Amino acid sequence: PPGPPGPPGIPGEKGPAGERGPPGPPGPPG
Amino acid sequence: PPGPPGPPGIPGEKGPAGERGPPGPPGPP
Amino acid sequence: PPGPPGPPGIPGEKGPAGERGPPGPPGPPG
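Protein chains in written order, with the numbering used here: chain A, 102 to 131; chain B, 73 to 101; chain C, 102 to 131.
Please keep in mind that the hints were generated in silico from the structure rather than gathered at the bench.
Even for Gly, the Cβ is constructed at its ideal location relative to N, Cα and C.
Keep in mind that the hints are not guaranteed to be accurate.
Covered stretches of chain C (in silico footprint by chain B; criterion: 3 or more residues with CB under 8 Å from a CB of chain B, positions within the stretch not fixed) [claimed, not checked]:
1) 102-113
2) 121-131
List of simulated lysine to any residue pairs, SDA-like, C-alpha gap at most 25 Å [stated by the list, open to error]:
3) 115/C <-> 119/A
4) 86/B <-> 108/A
5) 115/A <-> 83/B
6) 86/B <-> 121/A
7) 115/A <-> 108/C
8) 86/B <-> 124/C
9) 86/B <-> 118/C
10) 86/B <-> 118/A
11) 115/A <-> 117/C
12) 115/A <-> 81/B
13) 115/A <-> 85/B
14) 115/A <-> 124/C
15) 115/A <-> 78/B
16) 86/B <-> 110/A
17) 115/C <-> 76/B
18) 115/A <-> 82/B
19) 86/B <-> 116/A
20) 115/C <-> 114/A
21) 86/B <-> 103/C
22) 115/C <-> 108/A
23) 115/A <-> 128/C
24) 86/B <-> 109/C
25) 115/A <-> 87/B
26) 86/B <-> 120/C
One chain only, chain A, in its complex shape:
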């Protein structure tokens, strides 16, 4: 009779980096 199921697959890879954040607030008035 055929044997047991094989091992689980390896984990997948880490996902891509997220998007760069938005610009900050305006600086102090000059």
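With chain A fixed as given, assemble chains B and C onto it according to the hints.
Using the frame of chain A, we list chains B and C on its own:
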């Protein structure tokens, strides 16, 4: 007679958060 | 005789993309 293939692997981790944004605009007059 | 185990499963899917980064710092003085 080997058995059937194993189950699919676990998902990978979510990617890192993006980098911080740039400085804001220069102060206006 | 005892059947050997099956082959490994397929690798997992990748993780999703990361979250957006934080806002930048305040701009420089005018």
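Tell me if chain B covers the region 102-113 of chain C under the three-residue, 8 Å CB rule, please? holds (count 10)
Within a Cα-Cα threshold of 25 Å, do residue 115/A and residue 87/B meet the stated pairing? holds, 6 Å
Pairwise hint evaluation, residue 110/A against residue 86/B, where the allowed Cα distance is 25 Å at most: holds, 18 Å
Sort out whether residue 124/C lies within 25 Å of residue 115/A, counting only the CA atoms. Judged against 25 Å, a Cα distance of about 24 Å means the pair holds.
For the pair supplied as a hint, residue 115/A and residue 85/B, confirm whether the alpha-carbon distance does not exceed 25 Å. OK: residue 115/A and residue 85/B at ~5 Å, within 25 Å.
Pair hint residue 115/A and residue 81/B, alpha-carbon separation not exceeding 25 Å: holds, 13 Å
Within a Cα-Cα threshold of 25 Å, do residue 86/B and residue 109/C meet the stated pairing? holds, 24 Å
Is the hinted pair residue 115/C and residue 108/A satisfied, with a Cα-Cα distance of at most 25 Å? holds, 19 Å
Quick one, are residue 115/A and residue 128/C close enough, alpha carbons at most 25 Å? Given that 25 Å is the threshold and the Cα spacing comes to 34 Å, the pair is violated.
Compare the distance between the alpha carbons of residue 86/B and residue 108/A with 25 Å, and conclude whether the hinted pair is satisfied. Answer holds: residue 86/B to residue 108/A is near 24 Å, not above 25 Å.
Would the pair residue 86/B and residue 120/C pass a check requiring their Cα atoms to be no farther apart than 25 Å? holds, 9 Å
Keeping to a limit of 25 Å between CA atoms, is the pair of residue 86/B and residue 118/A held or broken? Holds, because 8 Å separates the two Cα atoms, which is no more than 25 Å.
Checked against the numbered hints given earlier, this structure breaks hints 21, 23; the rest are met.
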